[PDB]
Amino acid sequence: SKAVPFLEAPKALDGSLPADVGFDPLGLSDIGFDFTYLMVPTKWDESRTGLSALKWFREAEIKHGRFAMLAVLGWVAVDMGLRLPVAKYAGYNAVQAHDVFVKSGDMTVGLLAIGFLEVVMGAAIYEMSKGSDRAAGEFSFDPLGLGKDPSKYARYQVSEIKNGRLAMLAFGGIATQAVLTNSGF
Amino acid sequence: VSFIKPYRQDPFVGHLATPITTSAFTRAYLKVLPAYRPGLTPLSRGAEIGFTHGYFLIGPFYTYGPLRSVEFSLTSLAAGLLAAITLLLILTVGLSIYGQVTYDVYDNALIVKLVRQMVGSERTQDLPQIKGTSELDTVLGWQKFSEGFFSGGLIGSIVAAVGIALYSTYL
Amino acid sequence: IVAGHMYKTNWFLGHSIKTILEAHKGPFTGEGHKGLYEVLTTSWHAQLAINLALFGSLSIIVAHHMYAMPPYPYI
Amino acid sequence: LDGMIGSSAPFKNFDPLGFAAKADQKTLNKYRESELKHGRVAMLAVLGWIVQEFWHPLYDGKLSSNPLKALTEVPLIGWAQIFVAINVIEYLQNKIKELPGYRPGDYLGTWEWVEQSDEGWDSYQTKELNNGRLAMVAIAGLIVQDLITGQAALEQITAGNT
Amino acid sequence: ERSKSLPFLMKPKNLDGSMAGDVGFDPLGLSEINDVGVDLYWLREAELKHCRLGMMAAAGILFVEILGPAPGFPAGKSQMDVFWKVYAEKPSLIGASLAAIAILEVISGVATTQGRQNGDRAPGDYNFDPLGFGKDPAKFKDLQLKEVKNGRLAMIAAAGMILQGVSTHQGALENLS
Ligand code: CLA
Ligand code: CLA
Ligand SMILES: C/C(C=C=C1C(C)(C)C[C@H](O)C[C@@]1(C)O)=C/C=C/C(C)=C/C=C/C=C(C)/C=C/C=C(/C=C/[C@@]12O[C@]1(C)C[C@@H](O)CC2(C)C)CO
Ligand SMILES: CC(/C=C/C=C(C)/C=C/[C@@]12O[C@]1(C)C[C@@H](O)CC2(C)C)=C\C=C\C=C(C)\C=C\C=C(C)\C=C\[C@@]12O[C@]1(C)C[C@@H](O)CC2(C)C
Ligand SMILES: CC(/C=C/C=C(C)/C=C/[C@@]12O[C@]1(C)C[C@@H](O)CC2(C)C)=C\C=C\C=C(C)\C=C\C=C(C)\C=C\[C@@]12O[C@]1(C)C[C@@H](O)CC2(C)C
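Protein chains in written order, with PDB author numbering: chain 2, 35 to 219; chain l, 2 to 172; chain a, 299 to 373; chain 1, 39 to 200; chain 3, 43 to 219.
Simulated from the structure, these hints should not be mistaken for lab results. A few of these clues could be false.
Over the 10 Å line for every Cβ pair with chain 2, so calculated as not near, a few chain 3 residues [as the list claims (entries may be wrong)]:
hint, residue
1, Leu48
2, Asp58
3, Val80
4, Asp81
5, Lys91
6, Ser134
7, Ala142
8, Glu147
9, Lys181
10, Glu189
11, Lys191
12, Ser219
Have a look at the derived ranges for each label pair, beta carbon to beta carbon [as the list claims (entries may be wrong)]:
hint, chain 1, residue 1, chain 2, residue 2, range
13, 1, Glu153, l, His16, 16 to 24 Å
14, 2, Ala169, 3, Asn192, 35 to 43 Å
15, a, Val337, 1, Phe49, 41 to 49 Å
16, a, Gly330, 2, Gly66, 25 to 33 Å
17, a, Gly330, l, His16, 22 to 30 Å
18, 1, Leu106, a, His363, 43 to 51 Å
To give an idea of the interface, some chain 2 residues facing chain 3 are shown, with a C-beta separation under 10 Å as derived from the structure [stated by the list, open to error]:
hint, residue
19, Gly139
20, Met155
21, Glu172
Idealized CB from N, CA, C, for every residue including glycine.
Can you build the whole structure from these sequences, using the hints too?
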């Protein structure tokens, strides 16, 4: 491997996935369970060859990274003010805004909307398991167009996954610390 | 695996080799019983059977008889003992008449071979036929079996009465 | 309603009663329940036997639970 | 440590101290007999420990629910009958042991029907052996805990003496 | 091969291009259902009926809230609560409307099943063009697209109005401001 040199490799981390360095001490990328069956419990389709656990884990990692990046942006925003131009959003930090907004019937709306988007893109994941050429985390979302020049696309890929790992860990710290750089415990 | 098979590889017998008919536990348990224990004369088999049977027969008569006693009574024990002994006498009478009407043999495991070898052109059912080769299947064998049953029944009933008296008195 | 989503009818979802029965063999029971699905799908009398026996048992259970726990006002 | 039944996934042919690498077939049969008897007795002992703790209908209540205390409260004439019954059972087992084709722990005589054993039969025998081993460890722990602490299983757990 | 609406999804097999408003937005593959008497024909008929019903309901709510009720009818600006005021004083009107809608819906279901069986009637077609606004082709497709888009928007709008009236117990434009 290129990290943890005293372990050769998991088994499936050949390098076909971006941002691959070989770091997987527990060998989690070799579970034979096709996690698409957590969505569609049965084979359903006779053409459902199956999805490798590594590809499902890559999709989950990309989704986690995007969620964590947006989450740290939002949590940092509400520490330095920046409230929505509307009533009922006064100042109630981030450790308490979640509960008060769950009370005020709009976190349920956010849950519904996020679930709708998640269901559509999980249908995309299921089609990938069925055998579509779509790669993990690829929703073909390049509106501004900074995704051409394949070298730039690969660099931005590795950038997104590394930034997502950093943002996951940073959000874990921020939520655990209740923020120290911009507020108090 | 299958734990039920035809008995002794004969699919036409009215029997089966179940985990109860032909289990090792069944084999050993029935081979340690007096009726089938090897090395016992018919008198010994009868004596052991009578001892056990009188021993457990005195129980119900003494406990639930017409002369019970929640405390220990010599009259209750005597009544139970007499009832058990008379029941053993009735059983011995039944054994005697059964043996009288069933067998006509004095030495088995031979007559069968004699009539399978030296021919049996007679009235049959004594020379030929002969069900069972055990020593219990003879006139002499069953007579000694009944005698042993009767004597052992008396002795076992007396022993059980003594034990009941000791348990009721010293406990 | 939950129990009604058990047997496979028209989608790749649910159970096949044939596969359930045929898998319930044992050392003491030989082939087990193999062929019982064919018996109960080709004989009305077998279905009537099972249904009538369980139906009478259910009626007796109903009779017991009726007086045991009176379910109607002023009954 | 042979083709014997009882080898499971976590530690296949578990003989770290090499007790079986030098023993002959007779000693290994003795070891299997001892293991199976210990496992069965321990399963019975664990079940009795728990059930006695939360249910002792016999002896008109009394017979304190803590084991190792009811051990000294049974009339001691019921102890004799249990002892004699166990003795007669083991006499019958000894008589079984001389039957032809006897297998170490097989007192049902399954060798009469089971020639060319399957994988289900071996798996069930291994299940019995593993449950017996777990029950041996559990009953040893039960007795030791009750000795050192003085409380029974469900009593020590309920209080929180862990 | 990829759906026009969702580029990360393959083209839904049953939706080629024919129906107005078709952009390939079938992530769950509901167009491939062929059971319980439900297929693409039934789904399209249900969608068109929903579109028309939502358009009528949204237009009615907006009309009553903006221009007020007709003479002799109750007011209140809460369309989800004024229904009980109409029923409290004119129950016969509500009952007659319900009976008429029931008969028309029985006819609609019979027509849907028949047209599905002996294919001669497009889904949602009831030959209702009294003013001849869609006689010629090359305008019928545009009108179908307009109807489908307006009906989907009005479906969403009418569901929103129903939920707002049930929860807030206030008017639609009252909730707006
Ligand atoms: C993980 C993402 C995430 C989540 C869950 C939240 C959650 C919240 N934010 Mg928030 N925020 C985020 C990221 C996030 N933020 C980011 C990245 C920014 C910077 C741009 C902000 C800036 C921000 C401000 C300025 C304010 C909030 C506020 C709030 C709170 C009120 C909103 C509410 O009740 O739910 C409403 C429902 C949701 C938030 C669910 C999101 C559903 C979206 C809208 C669906 C569409 C997503 C979008 C299209 C994604 C595109 C990707 C793909 C389609 C291509 C709530 C706790 C307000 C507050 O009072 O907080 C204390 C407030 O004033 N946030
Ligand atoms: C090693 C096994 C073992 C031993 C030594 C004891 C010992 C004792 N038990 Mg006990 N018990 C056991 C297992 C055991 N138990 C199991 C497995 C159960 C669950 C059914 C119970 C349930 C139980 C209750 C409910 C009670 C006792 C009680 C008692 C005490 C009085 C004796 C009595 O009435 O027993 C009664 C025993 C039974 C009713 C069940 C025994 C069934 C045996 C163990 C199985 C068959 C044995 C068979 C003859 C030999 C196996 C054949 C083959 C494998 C070779 C005594 C300390 C009493 C007491 O005072 O509690 C404090 C009491 O009320 N036990
Ligand atoms: C078998 C069948 C028909 C058929 C067939 C045939 C005949 C065999 C022919 C074919 O061959 C096959 C088939 C299947 O088509 C089935 C019939 C259909 C059903 C089962 C009818 C259901 C209609 C229910 C509706 C549409 C009710 C809506 C309720 C509303 C309430 C309105 C409110 O204002 C109220 C009252 C209170 C207010 O506070 C607020 C709200 C809540 C908004 C909105 O409107
Ligand atoms: C532990 C953790 C991450 C641990 C990472 C580790 C050890 C990584 C170690 C390594 O990298 C190094 C060091 C070096 C590498 O070479 C080797 C490895 C091994 C790879 C994240 C926790 C992450 C923990 C998280 C994210 C917990 C979040 C909790 C939240 C957000 C709570 C939200 C609330 O809603 C509630 C629940 C209630 C509301 O009332 C209030 C609020 C607060 C709003
Ligand atoms: C069903 C109906 C009304 C139903 C109303 C109901 C149930 C309401 C009931 C309630 O309010 C009450 C009572 C009391 C409340 O407490 C309870 C409810 C339940 C709220 C009206 C039909 C009304 C039906 C009408 C008006 C029919 C008119 C028919 C015409 C003109 C026919 C003409 C033709 O027949 C010729 C002449 C020649 C033919 O060849 C051609 C044609 C054209 C077909």
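Okay, the hints, checked on the actual structure:
With a closest Cβ-Cβ approach of about 7 Å to chain 2, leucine 48 (chain 3) is found to fall inside the 10 Å limit, against its non-interface label. Annotated as non-interface, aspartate 58 (chain 3) keeps its C-beta farther than 10 Å from every C-beta of chain 2; the closest such distance is 18 Å. With a closest Cβ-Cβ approach of about 17 Å to chain 2, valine 80 (chain 3) is found to remain outside the 10 Å limit, as its non-interface label requires. Remark: the non-interface label on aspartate 81 (chain 3) is consistent with the geometry, its nearest Cβ contact in chain 2 lying 18 Å away (cut-off 10 Å).
Look at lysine 91 (chain 3): its CB is around 23 Å from the nearest CB on chain 2, clear of 10 Å, so calling it non-interface holds up. Separation of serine 134 (chain 3) from chain 2 is adequate, the least Cβ-Cβ distance of about 39 Å exceeding the 10 Å criterion. Once the 10 Å rule is applied to beta carbons, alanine 142 (chain 3) is consistent with being away from chain 2; the minimum gap is 36 Å. Remark: the non-interface label on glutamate 147 (chain 3) is consistent with the geometry, its nearest Cβ contact in chain 2 lying 30 Å away (cut-off 10 Å).
Under the 10 Å C-beta cut-off, the non-interface status given to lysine 181 (chain 3) relative to chain 2 holds; the minimum distance is some 34 Å. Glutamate 189 (chain 3), annotated as away from the interface, keeps every beta carbon of chain 2 farther than 10 Å; the closest lies near 25 Å. Interface exclusion of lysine 191 (chain 3) from chain 2 stands, the closest Cβ pair being 20 Å apart, more than 10 Å. Taking the minimum C-beta to C-beta distance to chain 2, about 13 Å, the non-interface status of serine 219 (chain 3) holds against the 10 Å cut.
Taken as a hint, the range 16 to 24 Å holds for the pair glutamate 153 (chain 1) and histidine 16 (chain l), whose Cβ atoms sit roughly 20 Å apart. Taking 35 to 43 Å as the suggested C-beta distance range, the pair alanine 169 (chain 2) and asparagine 192 (chain 3) conforms, at roughly 38 Å. A C-beta distance of roughly 47 Å is found between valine 337 (chain a) and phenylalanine 49 (chain 1), which places it inside the suggested range of 41 to 49 Å. Here the CB-CB span from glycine 330 (chain a) to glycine 66 (chain 2) is close to 30 Å, well matched to the stated 25 to 33 Å.
Judged by the Cβ atoms, the range 22 to 30 Å given for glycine 330 (chain a) and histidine 16 (chain l) holds: they are separated by roughly 23 Å. Evaluation of the 43 to 51 Å hint for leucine 106 (chain 1) and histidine 363 (chain a) yields a pass: the beta carbon distance comes to about 45 Å. Checking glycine 139 (chain 2) against chain 3: minimum C-beta separation of about 9 Å stays under 10 Å; hint holds. Given the 10 Å rule on beta carbons, the hint for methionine 155 (chain 2) holds: about 7 Å separates it from the nearest Cβ of chain 3.
For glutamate 172 (chain 2), the interface hint holds, since its Cβ comes within 10 Å of a Cβ in chain 3; the closest pair sits about 7 Å apart.
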